Every structure is written in C-alpha cells, then in structure tokens.
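Enquirer: Below, each chain spelled out in residue letters.
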Amino acid sequence: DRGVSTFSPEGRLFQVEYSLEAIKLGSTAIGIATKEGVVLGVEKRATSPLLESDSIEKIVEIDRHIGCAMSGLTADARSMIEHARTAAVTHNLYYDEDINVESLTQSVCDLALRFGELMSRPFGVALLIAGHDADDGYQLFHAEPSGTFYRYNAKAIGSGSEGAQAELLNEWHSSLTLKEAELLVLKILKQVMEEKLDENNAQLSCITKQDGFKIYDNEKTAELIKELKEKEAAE
Amino acid sequence: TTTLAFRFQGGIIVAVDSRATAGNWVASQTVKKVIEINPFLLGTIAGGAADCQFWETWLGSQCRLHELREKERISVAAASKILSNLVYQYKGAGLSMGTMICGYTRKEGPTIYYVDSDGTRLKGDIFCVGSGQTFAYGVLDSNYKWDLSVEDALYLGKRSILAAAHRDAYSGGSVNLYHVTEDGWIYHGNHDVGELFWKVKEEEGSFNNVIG
Amino acid sequence: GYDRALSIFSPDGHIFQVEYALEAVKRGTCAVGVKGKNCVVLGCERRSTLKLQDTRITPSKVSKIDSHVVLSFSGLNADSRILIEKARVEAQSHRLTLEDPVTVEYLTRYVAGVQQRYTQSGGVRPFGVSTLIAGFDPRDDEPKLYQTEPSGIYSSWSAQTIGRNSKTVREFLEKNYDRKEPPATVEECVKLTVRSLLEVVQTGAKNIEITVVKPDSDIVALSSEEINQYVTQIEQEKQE
Amino acid sequence: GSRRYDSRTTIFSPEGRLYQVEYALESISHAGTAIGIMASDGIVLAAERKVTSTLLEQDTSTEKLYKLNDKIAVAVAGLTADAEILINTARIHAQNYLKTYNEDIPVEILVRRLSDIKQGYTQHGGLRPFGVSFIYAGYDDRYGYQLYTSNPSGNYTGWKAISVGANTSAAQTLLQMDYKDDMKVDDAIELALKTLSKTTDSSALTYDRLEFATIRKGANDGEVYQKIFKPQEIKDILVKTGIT
Amino acid sequence: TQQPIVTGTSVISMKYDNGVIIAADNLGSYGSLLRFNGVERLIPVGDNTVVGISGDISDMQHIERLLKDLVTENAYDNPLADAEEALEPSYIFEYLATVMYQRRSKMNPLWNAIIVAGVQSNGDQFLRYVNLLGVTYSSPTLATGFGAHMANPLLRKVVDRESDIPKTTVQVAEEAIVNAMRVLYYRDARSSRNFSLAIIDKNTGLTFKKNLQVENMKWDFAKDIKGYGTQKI
Amino acid sequence: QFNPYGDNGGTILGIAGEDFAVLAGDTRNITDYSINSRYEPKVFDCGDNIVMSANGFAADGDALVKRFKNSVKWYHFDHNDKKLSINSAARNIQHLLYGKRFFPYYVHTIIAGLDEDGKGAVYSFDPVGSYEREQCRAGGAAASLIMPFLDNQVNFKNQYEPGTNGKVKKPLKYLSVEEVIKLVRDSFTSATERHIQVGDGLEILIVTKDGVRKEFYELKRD
Amino acid sequence: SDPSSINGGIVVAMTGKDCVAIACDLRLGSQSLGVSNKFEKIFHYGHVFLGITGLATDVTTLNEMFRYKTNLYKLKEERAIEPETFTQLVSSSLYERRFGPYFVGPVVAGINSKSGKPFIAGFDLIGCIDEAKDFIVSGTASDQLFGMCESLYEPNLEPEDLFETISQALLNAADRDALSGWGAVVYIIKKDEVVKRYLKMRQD
Amino acid sequence: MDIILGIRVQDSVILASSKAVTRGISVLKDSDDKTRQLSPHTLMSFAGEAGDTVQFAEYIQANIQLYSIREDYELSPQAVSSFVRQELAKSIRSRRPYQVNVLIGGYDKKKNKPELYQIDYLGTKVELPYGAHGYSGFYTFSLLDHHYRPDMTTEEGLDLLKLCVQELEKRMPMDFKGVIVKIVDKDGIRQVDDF
Amino acid sequence: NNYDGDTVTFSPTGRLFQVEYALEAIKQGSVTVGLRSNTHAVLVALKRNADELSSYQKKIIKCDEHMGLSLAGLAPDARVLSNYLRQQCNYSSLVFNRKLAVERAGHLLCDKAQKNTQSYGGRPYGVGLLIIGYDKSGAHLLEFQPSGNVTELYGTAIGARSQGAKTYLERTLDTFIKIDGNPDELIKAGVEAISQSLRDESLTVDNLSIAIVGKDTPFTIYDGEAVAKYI
Ligand SMILES: [Mg+2]
Ligand SMILES: [Mg+2]
Ligand SMILES: [Mg+2]
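Just so you know, the sequences run in chain order A, B, C, D, E, F, G, H and I. Counting along the first sequence from 1, when you hit position 183 you're at 379 in our numbering, and nothing is skipped either side. Counting along the second sequence from 1, when you hit position 71 you're at 158 in our numbering, and nothing is skipped either side. Counting along the third sequence from 1, when you hit position 99 you're at 100 in our numbering, and nothing is skipped either side. Counting along the fourth sequence from 1, when you hit position 41 you're at 45 in our numbering, and nothing is skipped either side. Counting along the fifth sequence from 1, when you hit position 56 you're at 418 in our numbering, and nothing is skipped either side. Counting along the sixth sequence from 1, when you hit position 29 you're at 54 in our numbering, and nothing is skipped either side. Counting along the seventh sequence from 1, when you hit position 168 you're at 187 in our numbering, and nothing is skipped either side. Counting along the eighth sequence from 1, when you hit position 48 you're at 1272 in our numbering, and nothing is skipped either side. Counting along the ninth sequence from 1, when you hit position 174 you're at 182 in our numbering, and nothing is skipped either side.
Among the clues, some could well be false.
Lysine-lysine pairs mimicking BS3-like chemistry, simulated, CA-CA at most 25 Å apart [to be verified]:
id: 1; chain 1: F; residue 1: 94; chain 2: E; residue 2: 468
id: 2; chain 1: A; residue 1: 405; chain 2: F; residue 2: 94
id: 3; chain 1: B; residue 1: 178; chain 2: F; residue 2: 125
id: 4; chain 1: F; residue 1: 182; chain 2: B; residue 2: 288
id: 5; chain 1: I; residue 1: 66; chain 2: I; residue 2: 35
id: 6; chain 1: D; residue 1: 231; chain 2: G; residue 2: 133
id: 7; chain 1: G; residue 1: 152; chain 2: G; residue 2: 209
id: 8; chain 1: H; residue 1: 1333; chain 2: D; residue 2: 221
id: 9; chain 1: B; residue 1: 286; chain 2: B; residue 2: 245
id: 10; chain 1: H; residue 1: 1243; chain 2: B; residue 2: 232
id: 11; chain 1: F; residue 1: 107; chain 2: B; residue 2: 119
id: 12; chain 1: G; residue 1: 133; chain 2: D; residue 2: 234
id: 13; chain 1: C; residue 1: 176; chain 2: C; residue 2: 87
id: 14; chain 1: C; residue 1: 87; chain 2: C; residue 2: 239
id: 15; chain 1: C; residue 1: 52; chain 2: D; residue 2: 234
id: 16; chain 1: F; residue 1: 107; chain 2: I; residue 2: 35
id: 17; chain 1: G; residue 1: 95; chain 2: D; residue 2: 54
Derived from the structure by calculation, the hints contain no laboratory data.
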C-alpha cells in the first residue's frame, strides 16, 4: 500500500492530515481564557435518548490546576489523559511543586508523532488543555495529533469549529469576566449544536487559582442557560 | 525512635518523637517522623528514614493518581496495600521500614495499618513502633479506652511518647501530635520534651524518682 | 515481530478496520440489556439455524466476570473469549490489590481500554465485538448497565441493544422504556426484555436467553420453561 | 521494503468477515467428511479418507482420527499437517493440567485452549490461519459425554450430532432427521455410517476408505474406553449394519 | 575487582612560574621482583600535556592506547586539530577522570594513580590528580604512592602555596624534583635509579628527558656503622 | 578486595539566617594521614541562587554536585527557564541520592539559599536521600565538635535569663550575617585545634537576594 | 540440612527367575518427627515400575514428571514404554538439572514385554545409571541394604522365594535406620501379573 | 507465625490457628486470623516467614477464585492442594523462596467426604486425618495418636482439640494468645467464636 | 511517481523523492534569517500565528550557553534534533570539560538526518535549521537541511519567500561581516534582511523573534517588548 510516516508532495504527513478530518467529525468543544479563569465547555451529543448523558465524559481533570476538553475519536484520548496525569504527578514528586501548563502540554504532544512501523497511527483526537500556574497565569492550549500545540485566548474544536472560531473572533476581549465567558461558551455551543442546548446534552467547566479545576453540575449549568436566554431576549 | 497511633471514638491520634541518632551521636532533635501523605492520610517513620520518606511520599503520588482515575477517595486499605506490595518486591534488598498508615474514610471509619519492610501488613487499634515502643505501650494499654475525648486522647499520645523519651536513650527531642478525622488530619503542634517533662512532672505528680 | 499498521486513517478521516469490526457486530446475534429499579436483565438471541446443538455445554452468551458483574456481547465469538478472560483476570487482580471488587464502570473502562489498544497497535486487528456489561457495585443497590464497541468508546445506558436488527429493538425500547418510572419489579423488567426480543427473534422457543442480575451478587439464568411463560403471556395480551 | 508482498492475513473485509478464515473454511469443505454422534451410553466418531489408493498401507495409516488423551479424541477435517501441530499442543495442555491438578482435563477446557490458539492466528502475528476443523469427542465426570467442534476462526460449539468437511449441509440434514435423544451407541454407529454412505462423493462406501472410533463407558465398571477401529473391524461393522 | 600485578611506583610533579614539571622512574615491579627496567611511565599527549601514571602497568598500557586513540579521534573532521581545537590538558584529564570513576562504579577499576601535567591555551599551568576510585584533586605539588609521603614535603618547601609559584624558576623546580627522586631511591624499596623527567613550559614547550639517573648519592658514612648496638668491630 | 569508597575528610557548615544563608567548608582534602591539597574547593555555586556541598567521599561528592548542576540546566530547558526553588532542588536531590539506594553516594549533602518568601533556608541530606529543612547544620569530620556549640550560641540552648534561675529562657533573637560569620569562623578555628583532618583554609559562600558572595579565611596548616 | 536425609526412607529392587521385585518403606518425616506412615515411594507407568527415595517434594515432582512424559510417549509411539528405554529417560531428565539437581535416588524395575527379560536399574541424583544384574538399593539405609542384599541374595529365585528375600532385606535394614520404617510395601512383578503386599513391621 | 493445627473428623475438617503476631520483642496483635477461604468449601491456614505467608495465601486465593469464575465450578480439595503444592515446589528453587507452610482443609461435595492436606514450604504434600506444622506436632501428636477416631463427631473433635491446645499452653515457652477455630463441612465454612 | 512511496527508493534519475518532499515542508514554513560577523552571530525569525486569538509559534531554541538554532518546518522534528544537540553539547562539557565546536555540531546533525534517509520504515526529518554559535574559532553560522547537507555560511535564510532575504545578504556581505563589537547594528542588518521576505504583513511586537550569541554574550533569545527596539 504505502508507508504510515509518508510525506505528501505538498510536504505534509498523510496520516496526520487524515486524523484532522476525523477531528472535524467530532463533537464541538470550546475553551475561553480570561484573567479570572479559563472556561471549558463541550457538546455531549448522545446517539440515543436511552444513553445516560451524565456518563459522557468529554471534560476531564489532569491535576488540580489543569483541566482538559476533547473532540474527535474520544477513545484515543484515554492514554493521552493517563500520560498527562502521570506527568503532572511525577513532576510534583521530583520537584515538590505544580507543573507548568505549557510543560504538561509539551509532554502530551511528545506522544503525538510517536507512530510508525511505537503505536500504529496518530491520535484521532484534539485536546483543549486549560490551566493555571504562577509563572504565566491562566492559559489555554490546543494540542493536535501533529505534535504541534498553540496557545489561545479562545479556541473551538470539532464539527462547528470554523463557525464558532469566527464568533469567538468578534466576542473575545481581554477584560472578560468569568461569568461573561461561561455564557459566551453556552451561546456559541447553542449556535453550532444540531440538537437544542440544555443542561443534559452540554457540559461546562472551569479552572480558577483558588478553587482549582471544577466540572459544573447540571443544576448550576441549567441556571446559566436560563440566564443566557433572558439576556438574549433582552435586546 | 518512638512512634504510636491508636483508634478511638474521635478518630485516630498519631504521636511521634523527634530524635535522630547515628550511634551515640545525636544527629538531630527536630526530625519529622510523620509523613503527610495527603490531607487525609498520615504515615509514621521508623527504621530507615530515607526509605520511609521516599516511599510514603511516592505513596501520596499513587493515591493522587487513584482518585484522579476513580473519582473517589482511596481507602486506607488500598493505600496501605500499595505500600506493602511495593516493599515486598524489594524484600531481601535491605529496606528498613516500620510504619503506621493512618486514615479516616466513610466506608472504613478510622483505620490504622501497620506496614513493615518484611512485607507485613496488619490492621489494628493500637500500634507502637521504634526503640522506645515498649515504654509507650505501657502507658497506652493501661489508660486506653474507646470512649476517650479528643482532648484526653491527644494527651495520652503525648504522655506515652514522653514516657519513652525519658527512658529510651534513642528517643526524645520533641513530641509531634496529629488528630485524624474524616474531613482530614489536624496538626496539634510541636512539644519540646525538656519543657514538657517538668510541666507533666509538676501537674501530674509523676516521675517522683527524678529530682526537679 | 509482525509490526504492520492494519488500523489506519483514510482520506475521509475514517479507520476502516474499526468500522469493518462494527460490521462483524452487525452480523452477530442480537443482545439486549434493560435495567429496572432494583435489577438488570440481559437478553440474548440464539439463532435457530443451529439445531442438534448441546445446550448444556455450548458456550453461553452471557458470561460472569465476577460474582456481581456479567458480560454479554454481539459479534465474533472467538474474539469475545479474549476480552472475557482479560476482564476476569483484572477482576481478581483488582480484589487482590485494592481489597474490593471492581465497580461495573471500572470493569467497563478496562475492557473498553483493551479494545481501544487494538485499534492503534501494530500487527493487530480490532475486536469484532461490542459488549454489554451489567451488574451492581459492591455494597450498592443502584443498577448499572454499560456498552462498549470495537473503537474503544463506552457509555452508560438505561436500556440498550446490539447485534443484528438492533435498530428495530432499539426503536421498540425507545418508545416502551420510561425513564421516570422504569420496570419496578423483576417480572416487569424481564417481560419488557422478552417483548423487545420478540420484535426480532422469530420464534420464542429456545431462541431467547434471559439472565437476571440483582444486588449483592445475586445472579440467576432463567430456564426454557420460565421464559416460555413470558412468551405465552405477551402474545395472549397481544391478541386484542 | 517487505510491506509490498504482505497478504495481510489478519484483516476484516468491508462486510466484516475475516478473508483468510472464510477461505480456510472453503478449503475445509473439500476435505473428507467427518461425523460425530453423541449417545446416552457413548460417542461415535466416523470419518472418510479422501480418494485412497489400493497400495496405501491402511492399518498403519492415520489421517482423520487422533487421540489427545485416554478420555478425549478428535476427528480432523482439513490440512493433516496443520492438525498434527495443534494435536501435539493439545496433548501437552492435557498433561500440564494433569500434572498441576492431579486430575484429567475437563473436555471443554481443552477445547477452549485449542480454540483460543486458532483465534490468536486470526487477530495477530500476520500468519495464515490453521486450515483445520476438529470434532472433539470426550468424557469427564462433570458433563459426561460431550461433542464439540472448532474451526479456523477459533469459535467452538457443543453438539448432540455434528459433521465437518465435505457435504456438511447434506450430512447435517440427514442427522437432524434420524437423531433422537434416547439413542444408543450401536444405533449411533449405524446412523453415522448411513450418513457417510449417502453424502460420500465416491461410488460406494468401503472399509478401506473409512476411519472409525467409539468412546464408551462400555468398559469394565465405572471407567471410559477409547476404541480406534482396525481395518478388519470397520469391515465387520459395515456388514453388520448392512451397507456392504 | 582485580589485584594489580606488574606495578609502577611514585609519580611526582610540581608547578613553577612558566609551567609544570613531572617525573617518574622507569621500573615495572612484579611484587618484590624488580622485573622490568625499561618502562616509560610518562606518556606525552600532543605538545602541551604529559600524563604520568603509577600502579598497574597493564591498565597503564590500556590508558596509553585510549590517549593515542583520543588524538586520532580529535583530528577527525577538525581543520583546527593542530591549532584552536587541539587537545587541552583539561580535556584529557576530564576524560580520564570520567573513565576512572565509571570503572570504579562498575566495581572493575583501572588500578592506577594518574597525574595530568600540562599547559593550557592561555598559558595557565594545569596539574591535577585522579586515581582508581575516581577521586580528583589539584595542588601546587602532586605525588602518588610513596611520593605523597616523601616527595610532597620536599616540594612544598619550594612552593608552599599558590603565591610561591611565580617566584619559582624552572631551574629551582627541576632541582627539587631531581632531589626528590634521589630521596625516593634511598627509601622506596620498589624504585629504580633510572627515571624520566618532563617539563611543559608555556614558552619553550614540551621538553622530554629520558635515561636520567640518580647521582650525587651519600653512602660513605655506611663504612663507620657497625653492628646493631654493642658491637665495636 | 577492592573497596570503592574512601574518606577525604573535610567539614562543612550551613546556617540559615532571617533573609540570608551561609554555607561554609574547609578547603583541606586528605587521605589517611596525608594531605592531598590545602586548597580544594568543596562548596559550589550551582546557579539559581543555590549553593551546595557534598562532604565525605570526594569522588561521590563531585559526581553528585555535577549531576545536580546538570539537573538545574535541564530544568531550565524543560520548563521555560523557570527558577529552581530551594525546596524543589531539595526534593530533586533526594531522588538523585535515593536513585543509588543500594550503592549510595557516600556523602553528607547540604544545600543553602533562599525560599520562595525570601527567607533563609538550609536543607540537610543523609547518604540515601532522607532530608529536612533546618536552621543550623554542621556536616563531616568535625560535625560533633561544632553542633553542640551551635545549639548553645545560635539557638541559646541551656541558657536562661539571669535572676530568674531556670524559669525564663534566653529569647531567640535574630542574628545578622556579620554575627553568623563570627560563629562560623570560631567553629572552624576550634575544630582545627582539636581535629586533625580540619585546617588549611576556610571558604564561606553567602547567599542573599543580591546573589552569591564568597569569603576566604586562613586556618592553621598543621 | 542434607536434602537426601531430611525425609528419610528406602527402596530396594531385585531380579529373580522370569520376575523382578521392588520394595519400599512407608515413612515420611521431618528429621526426627514422623509425619506419615502411608507415603509410598514406588510408582508405575504401564508395566515399568519406579521407586524414588530422597527429598519428598522431588519424589512427588518426578513421579508427576515421568507420568507426564510416559503418557506423551505412549500417545506418539502407540505403545507403552519399556524398562530399558525408561531408564535412559530417567537419566536424561536428571542430568538436564546437572547444576541444580533433584535430590533423589531413583530405582527402575520391570520386565521387557517383547523379550521377557527381567530388568532393574539405579541412578545417583545426577543421572548416572547403575545397571546391576543382582540388585539395586537406595535411601537412608542403603549401606544396611547393601549388607542385607549381598548376603541374602542368590540368583534365579522363584517369585514366592524372591518375595521372602527382598522383604527380609528391607525390613531388617529399616530396623537399623532411624529415618526408615513405619510400614513397608513389596511388589512382585511377572510378565503379565503383579502382586502388591503390605508387610507387618515394628512401628517405631 | 507459630502454631497451626488440623483435624479431619467424620463429616468435617477443623483448623485451629494461633492469634499472636510477634515482632521480635513485642506482641503487636493477639487477634490475627491466619487463614483464607480459597472456595466456599475449601479453607487454607498458613504459617511461616512474615509477609510471605499472607502474600502466598492471597495469591492462591485469587487463582482459585479465578478458576471458579472461569469454569463456574468449585475445584475439589485434592485439586486445590495439588495446585498449591506445585506453586511451593516451583518456589523452592526460585531466587527467593516462599517460606510458607500450609494446611488445606476442604469438604469434597462430589465424594461427600472431609479432606485435610498438609503441605510444607518445600512442596511436601501429605493427606492426613490430623496434622500440624513446626513444633506444634511435637506436643499434640501423642494426644491425637491416642484419642483420634475416624468416626468422631465435630463436638468430639473440638474437645480433643481443646486438650491439644491446653497441652501447648502448658509446655510451650511462647505465648501464642489462644487459637481461632474454623469448621469446614458440607454447608461451607464457619467460625467457632467461643474457644 | 512510483518511486516516492518510501525513503529507501531511488528514482531512475537517482533522486530521493521523500527527502525532496521533506525539503518542501521547509518552504511552506515561516521565514527565518541567520547572519554573523567576526564577533557575534544573530538569528532573526518571523513567527507564524494560526489566527488572531492564537499565539505566535516559537522559532528559536537554545542548545547551550554558546549555541542555538532557529527552525523552519515541522516544529516537533526541530524539538527532536535540538534535544539531540543539547545532549551532544552536554556530553562534550561533562566528559571533556569542553564546549562543542559548531562545525562538529553540524557533523552530528548531518549524520543523524542521514540514517533516516537510508533505512526502511522511518522518514526524513521535515524541518530546516539555522545554527549559530561562538566557539574557540570565533563566530559561526550553519544551515541544516534534512537531506543531511550542512553548510557553514556568513549569512542565509530558509522558509517561505526566503530568497529575498538571501539576495539582500549576498549584496550586504561586505558590510555586515565588518560589524564587530556592535550587537545592535548586526541585529538591525538581520531585521532589514528578513524584511525583504515580507509581503502584506509587517514586523509587529509579538511577531518578531531575535536571538544572539558572541564573544562576551551567552546565547539569549529576545521576544515581546524586548524586540520593540528593532521594529
Ligand atoms: Mg504496589
Ligand atoms: Mg600536621
Ligand atoms: Mg520412632
């Protein structure tokens, strides 16, 4: 057939480019970074009403100061999360401190290109890694299967990514509050989601310096959705 | 060294001395013999200091990875067994460890596991480990009751280390107290044995043999 | 060793070997899982093309992983045995180290992890198997039902079906299963499970297998006559 | 490099089938028919040797029926050489079990072991599968008399009566027609030979074209005897049943 | 773990104002047997370094080959191999010191005590010690084995600290070394009269002196010494 | 039999001030009854405002310091030139030491510097990696001669306030960098008089927020 | 300490006219402590008999091993193994553990089914074959057995006479050994019949 | 650990095991249960070197439980004892052998018979009517040899066991802090809470 | 065409297409400029962003106190090669107490990249590197290609539109080589050189990345408001 680690005539790795197509088919995940915290939100996208939606875990804790949202072939993310958690805990063991969000992201991205004929293919999943450290403050990273990671003020990945990113382009400014960011994720998720947004088919989370990483309750998220509807109907 | 830990109505009391010796030479009087594994779990130090420090710090890392994966507090049983299984792999290599893994969970209640570098793992209500263990056991056995108050239990642990600190040449310096509750451990301060001895002698009327 | 990358991405972003593994599941006999208020029931189809079979010794479709958890499946039978073995070993390994039996979610997460591993390892093909894992966590009376598939994704279900004509029985369950009030008793849960299989099975003779799992390691497999009584009662009520 | 020449033996078809397993089953369909019938007081194994010659030394020959231990035997359908590799592995597993537990290996455990080995070749290794289907006839003190079959996929199932090899469709219908649960060994012997006599591609069924065996409790008191029939004994039972 | 077989005794050395001097006798002992009298234990590396080695001779020959191999390797793809990127004494020492410590850590030591004497690119004197344990140290005077006990005291009377180095000339330094070699010949039972001496000067370069002998010895007083106490005749 | 260990003598002393820290050590290096060097630096600046010494067997001491310096360098590469805090360095050194648990670095390690709040810090290690933050710690040959003196003159142990007669302790007043250096110099002068392996020279490294400063003093050479 | 004399016990084998005999005591102990009076040391694989003295765990292990190997032999060869062939198998199997051996003293006994020839053999712990015509001895009272056998034995004894000779050789040897006794068993082996007799002896 | 006894009577197997756990100088525990249930009708008591004893017992337990699930069938006591012996026989020629002696008391549901197996750390298996490990037999066997009958009831077996324990408590220098007694019969495993 | 399926296959004209495709990835990468005098060596790199919310991809990596590089192409491959350089620089320092020669650093990179072109299964590196350093023979500038070819130069540029900067340096050769003992003026020439490779976009504060090494100057990277001086 053809090599797994083959370059195309344009100078790109076929398998990496194809894994990016798989991520486009994945459910939408949005991250917004502010000076009061970083917010992570996801579309759950249950394939049937009999599927208990609370068992859909697309937002995940890496450490107390680092959270993670995923999009694409979510089964592939489990080993990436395991590595990340191990890296975060191992660094704390060696250095008696929290690990930098960038260093954690770099550790995850080192796995990405370890494929050939090591694992048999790249990961089919993109990660939004959000966190906080004392050196660089609140940070949001986008970790791809290419091994590249970009820092973002705000970022959307998944099926409604290009539409959501254009919306994040206009809406984001440097003086956003945490509450403003929460509603903004819910607003953009509702726009790109096929089904109607509610507390059962969408999930919110955040990371603050004081309280650390927290996944939001369905009751808490429900109030933010109700607050969103009223403020949109307000004008 | 003298370290103890016992279960009671109000949870667990952990008490240790602070002396470190190399032969007759007193290397330190300010050694920490309670490892704060995490906010809910405590571990005592006896035998090899490095072996206890290193592997119980390591245990804390494993406990953290457990509750990240399982989204649930690790049991005292599971935590203690991670340590005992680890040291058992090294059996014969020369590790020196005698520790109490102490914790308070919903499903178990207050639990103490004695763990050994021989691979021994014992659940129990009262444990004393170290060169001054026999002295501490005497005070504990004669005064222990399940229905002790948190105040009295803390004193009993303090008084038992003092008993050993006095008689055992390789124990002393100061007494460190901890109280383990379901919501986590609470530190109850460092108590210099020199000052504590005279205080206890006068107030309690004990140690009449000693001139003060 | 053989290191060939069999599971790989295609231009449209699909992993055909994982998708073709699902087609093997589609071919497999139907399996259904329904959880009540204080029980879970695992229904399984036995194709009647194979008669002159010895039902005593023939591998049963539902398998005990531990005394409190069970695993049924649809797809390649030989592949299922490898997952069942690994799960049973991990169940004992968990008891040995954690001094507590596995939760149903943990056992599911493990099996799903094995299935995932085979989708990006060299020289191996994915399992042509989807599983339904059911049981009760230790010292817990809340019913658990999970599903896994060749890709390695897993999730919890109030009720679910897999295998051939699973589209039809899922259609049935989606209209007949009420979340606000699930099957309160064992009878109601088993009845709804048999009813759902009767949409697809053909004959209600030896083609339906039912296994009931209750809290505190209380697992029992229904016999032919016991199931036949449900089949009789369902069709008699239907004649109206 | 080498990738160019790789057949990729362990992959799925778009329909979700294992190419090599399916083609191995096609291979087995051209092999001599083997039949197993389970009765209340014993098991019968009957099998047809493929287009033999008059100069073949039959009495020392063995291509169909093999012995795994004193309690368990197998009928082979497919590549004889492949079967012998698996048979020796099975013989070893039985002995390992006996050494460990000091008890004869239960039939199903042995069958599962061999079937798991076959499965491995379909999922990993990049090698071709074993082109072999077995019929396992055996006895243990848990389930008593048991018949199983395994095929190159590694899937195994239990049976009251079963055929493998050539003309299994025709053979299985004939068995399904005349089999009953209260049947006995002497009746099962007659059914097996009658089934082969009708399904055979040869002009007539003779002793030189057959291998035959029985697992009976018909041994002195509570114990089991395997009987691999000799050429003269197969000739006698053919006359007794009235086929020749 | 081994035991040394054929051995070399003291290596002695010192710093002076413009460079370093190093010396070692030409003997390869076999226990108490003075087996080999033509053994060169000072091995020059380039025109700026001299490595003096004591202890096991078979390990010395191995080290000698490592250094010869090091020069070859340094010349590979190196247009400045005889200029800016030539081997320094500090490079040669650090390499040996790494090897010595690695070997002791594998419980299979090179059974030697080594002194690397040389002059760096900037004209700085280099003099450092390393042994079978991987222990390293530097000093205005360095000596191995018996030299440590008898040579150092004499050499330290010339250069007692760092500030005495610029005050010490090559003639004074060489005189002290030659005298120390005589003292070692009097008192070390595993030494020989024949020795080699090497001077590495920042101006005049490497001067290697072979076939030197201990001379101006005092023995005449031995005739008067009689008995072990009371004996007169 | 080959013995991979040796004793190179020497004595070191770490003292933690209020907003400073000192790590001192004699410059004499010995084997048995012979002097190898009268000036062989033993306390080292390892970067990131950390000073270190690994006293005992000099080869293991040099190996450990070298490996730690290397760890500081790679900490910068891997973590965006982040400053290695004294507590993080201490934990890192534990893992270096315990890594050779069954063939130990035969040294008593001490590091000194400032914690993340700017206060003086000294950490003390045993050969196999057990460690602790301490206010005062002498290490090596004359450690038993120095520590009792420090207990008395730094922590004011057994000293009470005149008139009260054993009822009121002498108050633990903070010592200045000039006051600490006096106690360090007198400790080493006393150790030199009564311990044969101590002498020649004393080298002190002083750590403050401004950086690392060195001070050298002569000791008796007999 | 010495593995070959922890558990104790003995085996003896003799040839007669168209017959062989093999016999053993029944004691298993932990040095001074008697543990079992039913520990038989003679096993058989088809018509070939194997006695094994020495460390009891190895006696058990080797019995299980030769059962294993003779069963596979029979399946492949389509015939029961012979004493001459089995002797070589025992030797090969012991020598493959040359530098970590089973602490045993095996004794083969049997009649060749084709030739009808009586056969006995002995081995050291490491596999060296002792193929004697007259008799083979093994165990903690081997010296005593050598003394008994050397005087009591005469060639070409009939089965019922051979029984008396081997029985008296065993019994009186075991009574002079602290670690042997506690009952005894004697096998009288002919070409197509084998009689097994338990002997009455002192139980101290 | 110190003393472990076993006695097979008419219709059951009784295992008695000491409660003491000593760490050189001090007795750390006086209520230690030196036994593990391998299967519903098979109990294994154990004594030997610290750590090894429990590690071995639990390893065996896990393996028998694994077999029980896989086959949906309980192994006979004979089969379990053979498996255990092989593990110990494998262990003795290892880098670091398990220093563990065991008694396996089980009730065979097929044969309707109680069975007691004694296995030492070398892999020395023996089926017995009554057994012990270490020095325990030296004090008790003379009493068991005298009084034992194969048709004893469970109550009579316990009385003979009390006599053995009394003789141990009299003549042994070590204080083993009494024994925990367990009975294995057709109905399963149960503990005699008063002894 | 038929000879580009893997790196182990020569074409009929003697070409290695997989290596040439890896070379193509460098041309797609963002521009970076390298130049030196007799005292100092300078790297100037135009960092690329994904969009307005995103950060600007870092281009320059430090290998030792006296050496470092700028990348153009696959960033993960640069991380692998830079890590390897860090180890080799570090091996030289630890074992020989010797700073690794820049020329020898190039020889090591060549040999590492070469092994990936001759063996089956692997792939060439998809990145180009510009290594600057100051060693015992003064200032140095290297150009690494993943074919294995390493070239010592006075100045150069790699990446998209790099020809414009490369032509500028070819004209300015006689001027910038003489900029001795003046780091600011040498950087200016580098910033003016990279400006020739710009279209539409211009050099902003978070866009530009500059690094320098010299006689009494350790390898230091300048980003953010530190490079506002040179805009
Ligand atoms: Mg563990
Ligand atoms: Mg002196
Ligand atoms: Mg006796």
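Enquirer: Does each hint hold? Answer for all of them.
Expert: Results for each hint:
The hinted pair formed by residue 94 of chain F and residue 468 of chain E meets the criterion: a straight-line CA distance of about 23 Å does not exceed 25 Å. Between residue 405 of chain A and residue 94 of chain F the alpha-carbon distance is near 32 Å, which puts this suggested pair outside the 25 Å criterion. Restraint check for residue 178 of chain B and residue 125 of chain F: satisfied, since their Cα atoms lie roughly 17 Å apart, inside the 25 Å limit. A distance of roughly 21 Å separates the Cα atoms of residue 182 of chain F and residue 288 of chain B; the hinted pair therefore holds under the 25 Å criterion.
Restraint check: the Cα-Cα separation between residue 66 of chain I and residue 35 of chain I comes to about 17 Å, which is no more than 25 Å; the hinted pair holds. A C-alpha spacing of about 23 Å is found between residue 231 of chain D and residue 133 of chain G, which places the hinted pair at or below 25 Å, so the restraint holds. Note on residue 152 of chain G and residue 209 of chain G: the hinted pairing holds, with a Cα-Cα distance of about 17 Å set against a maximum of 25 Å. For the hint pairing residue 1333 of chain H with residue 221 of chain D, the CA-to-CA distance comes to about 23 Å; that is within 25 Å, so the pair holds.
Distance check on the hinted pair: residue 286 of chain B and residue 245 of chain B sit about 12 Å apart at the alpha-carbon level, within 25 Å; holds. Proposed proximity of residue 1243 of chain H and residue 232 of chain B is supported: the alpha carbons are some 22 Å apart, at most 25 Å. Distance hint between residue 107 of chain F and residue 119 of chain B is unfulfilled; the C-alpha atoms sit about 29 Å from each other, more than 25 Å. Taking the CA atoms of residue 133 of chain G and residue 234 of chain D, the gap is about 22 Å. The hint holds against a cut of 25 Å.
Taking the CA atoms of residue 176 of chain C and residue 87 of chain C, the gap is about 36 Å. The hint is violated against a cut of 25 Å. The suggested pairing of residue 87 of chain C with residue 239 of chain C is violated, with an alpha-carbon distance near 43 Å, which exceeds 25 Å. Restraint check for residue 52 of chain C and residue 234 of chain D: not satisfied, since their Cα atoms lie roughly 32 Å apart, outside the 25 Å limit. A distance of roughly 34 Å separates the Cα atoms of residue 107 of chain F and residue 35 of chain I; the hinted pair therefore is violated under the 25 Å criterion.
Simply put, residue 95 of chain G and residue 54 of chain D have alpha-carbon atoms about 23 Å apart, close enough for the 25 Å limit, and the pair holds.
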